[PDB]
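Please build the complete structure, drawing on both the sequences and the hints.
Here's the letter readout for the chains.
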Amino acid sequence: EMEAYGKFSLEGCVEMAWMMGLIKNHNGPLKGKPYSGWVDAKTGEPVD
Amino acid sequence: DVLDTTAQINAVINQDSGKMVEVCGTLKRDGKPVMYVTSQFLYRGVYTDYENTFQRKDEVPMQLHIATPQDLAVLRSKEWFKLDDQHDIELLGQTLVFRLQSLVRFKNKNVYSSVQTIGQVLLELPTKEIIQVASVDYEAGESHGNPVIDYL
Amino acid sequence: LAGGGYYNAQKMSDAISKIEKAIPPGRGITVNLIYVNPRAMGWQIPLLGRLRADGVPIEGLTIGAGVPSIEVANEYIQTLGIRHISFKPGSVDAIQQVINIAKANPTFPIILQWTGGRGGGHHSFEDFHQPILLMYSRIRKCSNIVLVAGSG
Amino acid sequence: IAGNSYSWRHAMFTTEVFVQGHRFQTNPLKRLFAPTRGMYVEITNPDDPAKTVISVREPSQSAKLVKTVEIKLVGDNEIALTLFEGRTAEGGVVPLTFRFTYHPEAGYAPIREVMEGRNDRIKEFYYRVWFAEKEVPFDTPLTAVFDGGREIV
Amino acid sequence: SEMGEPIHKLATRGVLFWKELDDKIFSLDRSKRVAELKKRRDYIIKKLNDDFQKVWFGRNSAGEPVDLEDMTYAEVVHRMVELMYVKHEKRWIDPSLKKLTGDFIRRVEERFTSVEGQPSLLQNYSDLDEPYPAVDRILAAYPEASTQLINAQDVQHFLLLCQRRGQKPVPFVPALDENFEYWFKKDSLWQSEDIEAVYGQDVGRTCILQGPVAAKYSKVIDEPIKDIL
Amino acid sequence: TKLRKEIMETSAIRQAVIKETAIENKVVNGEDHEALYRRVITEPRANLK
Ligand SMILES: NC(=O)c1ccc[n+]([C@@H]2O[C@H](COP(=O)([O-])OP(=O)(O)OC[C@H]3O[C@@H](n4cnc5c(N)ncnc54)[C@H](OP(=O)(O)O)[C@@H]3O)[C@@H](O)[C@H]2O)c1
Ligand SMILES: Cc1cc2nc3c(=O)[nH]c(=O)nc-3n(C[C@H](O)[C@H](O)[C@H](O)COP(=O)(O)O)c2cc1C
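Residue numbers (PDB author numbering), protein chains in the order written: chain A, 1013 to 1060; chain B, 1393 to 1544; chain C, 630 to 781; chain D, 1164 to 1316; chain E, 859 to 1087; chain F, 916 to 964.
Worth flagging that the hints you see were computed from the coordinates, not collected in a lab.
Derived pair list, reagent style DSS-like, types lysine-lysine, alpha-carbon separation capped at 30 Å:
#, chain 1, residue 1, chain 2, residue 2
1, E, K890, A, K1036
2, B, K1470, F, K941
3, A, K1045, E, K896
4, C, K640, E, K948
5, A, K1043, E, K890
6, B, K1474, F, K934
7, B, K1470, F, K917
8, E, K1026, E, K948
9, C, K650, E, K1084
10, F, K934, B, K1449
11, E, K1026, C, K647
12, B, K1411, C, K650
To spell it out: a stretch of chain D is covered by chain C in this simulated footprint if at least three of its residues, at any positions, have a beta carbon under 8 Å from a beta carbon of chain C; those stretches are:
#, stretch
13, 1172–1183
14, 1186–1198
15, 1265–1272
Even for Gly, the Cβ is constructed at its ideal location relative to N, Cα and C.
The following block contains the structure:
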């Protein structure tokens, strides 16, 4: 992506964000209400 | 004294506590009104007879101050707002008084079966002259709130 | 009226009102409430009670798969304006409970729908003879009890 | 006051519910007939049903006894529950009556009430008791202004 | 029961395979359960598909059953309609389940759009009222939704959607997870009093409550109550 | 500065009214009706093919 297009796609960003440890998957209750998907690794908060 | 007793029904609405009648008395001596005895009665019970429920409230005097031409342009953009042809006293930079009467008919205790608001838009001159610069006329059915009083 | 298929407090107070109006006037309604679902009867019981007070034809209450404690019962009895109450014991011991509920209200209708180990759905591990055979005496000796056989 | 004979007179002091359309209703006789200091109850031609008259005489603050309520029958099935108010606009006893019909098919709800008119019937009563004119402007629109008329203090 | 309480039922093929899992699956403590499910997976999945009130949600385009994780987006939205909307009666088993199927659709949209501005093709759930005609329209607007399988992420989402509060319990089993008991036996008896909704519409897989003794005491269908009574 | 004004002014009025009227709708049709009838614009996710 970088070598060719010169910037990341959202798909790229999500992969980087994943491997760099900035976001991780969650599949349980977040603050009582259930939730599944991307979560900010640092804060338990969810990320879109 | 000789007193002439005038009354009419200001609102009949069915609260949960029962059913409510608002009566507005008007004692007059010498043809001039001297005092208004207003009263409320409660037919306690359960009522779904919403067909004949209604109210004529005298809505509170509002003071709308017009500062921006964009303020003006929205006050004019309102359908219910009707400018008078008395004179073109630029409503800009002055404030207005909205003394409004309105009449409502209930259907659900929540939903307004039909609502109408009318009234006079006042302006005070540098001379304390009061003028009906405009007039209000809104009407609608199946309403949840009063879009005019709200704006104000 | 099986309350066990009534989730929304509305859909129940709804179908209850349908029944009151398509019914032999003066006829009384009985609702069956599940005990091992206190979540549900959390609203159901105060719901019934509130309905009766408004005129609705509920004079019957039934509590299934569970016998309330003495004051648990007492409350239902003098809270909601039912004219009769009903329990569904399944244990030899269960029955003794009811008798005491009965002894607690020496002036109240208490139907004792006695089921056995062969009913539909829920079922004690009890042959429905021996318990009654061993209890009938005590049961009867309280006058408030209506001993209703059931099962098979 | 109910008696042993299964009658109209029995079911009036037996059933705690008078049906009202599809509503239940607590037997008002339970209230009216609740024991009171110096109250009097007469049962006319007791054992002869259709010709029985139940009446109540209480002590008015100024009088020995007074006609409180009475329940005769009228038109076969219509029972007539009547209350009598001394102090009224015309200075003379006015009666208010509630009509009931009773179908012993249903031993559960032997007594019902005839309410179709009940509202007006009572309004009438009141009207007479307040203004002493026994005809009411039933069909006046509420938009209409109502007249109280001249009056000297 | 799911509560564990004992029940008397018409020993239909379903209520039989239900007693089955009572003894082999629901008998084991929570933990050891999931493991034992994976071992008898394709068995439980057959018996699920064949004779139970709720079928295995795992169908693919061709008709065979597969893992939820192996279905395409299309295939899922489709199977959703299939199993909640009764074709020959033009009705959803429950508005809530139409919503559900609607929401997941909305999702597939999202998964397959990558620029802000584009609005939803399913703008009102009213659209799903006559679904199969309309659905194909949306799904065709997002081509690849028929090429690639659910995101692992999306599977997890789907699964939480089938669990939401205030929705009628899904009329199937999405997978054999830690909740398989809930999937199986929640809100089961409504299908007795509406075999038209049931897959194949045979009582064979249905839950009907009956005493053991009062079963001979019934010999004619459809007797009016006032008669019996 | 004269033109500057007009452009800023007429635009401001225009988008002002928009809010006003779409807010009057929440008053009349209630939160519920209004809410359920807004262009649902899907939020872009990412899929790793
Ligand atoms: N003693 C007996 O012989 C006997 C026999 C049968 C049943 N029962 C009792 O009766 C009760 C009912 O049992 P069950 O098996 O029918 O219930 P269940 O399997 O425990 O679950 C039924 C649930 O499905 C949900 N549901 C269904 N349709 C819905 C809709 N349209 N919208 C929202 N939610 C919907 C409700 O959710 P919610 O959780 O939100 O309410 C409801 O509680 C239980 O307490 C049971 O023990 C007793
Ligand atoms: C389909 C079905 C639903 C039932 N629901 C209840 C209930 O909600 N509450 C209760 O106390 N008993 C319930 N029962 C059991 C009955 O109340 C009664 O005790 C029993 O069915 C009578 O025995 P029988 O099946 O042999 O006629 C249910 C029985 C069946 C078959």
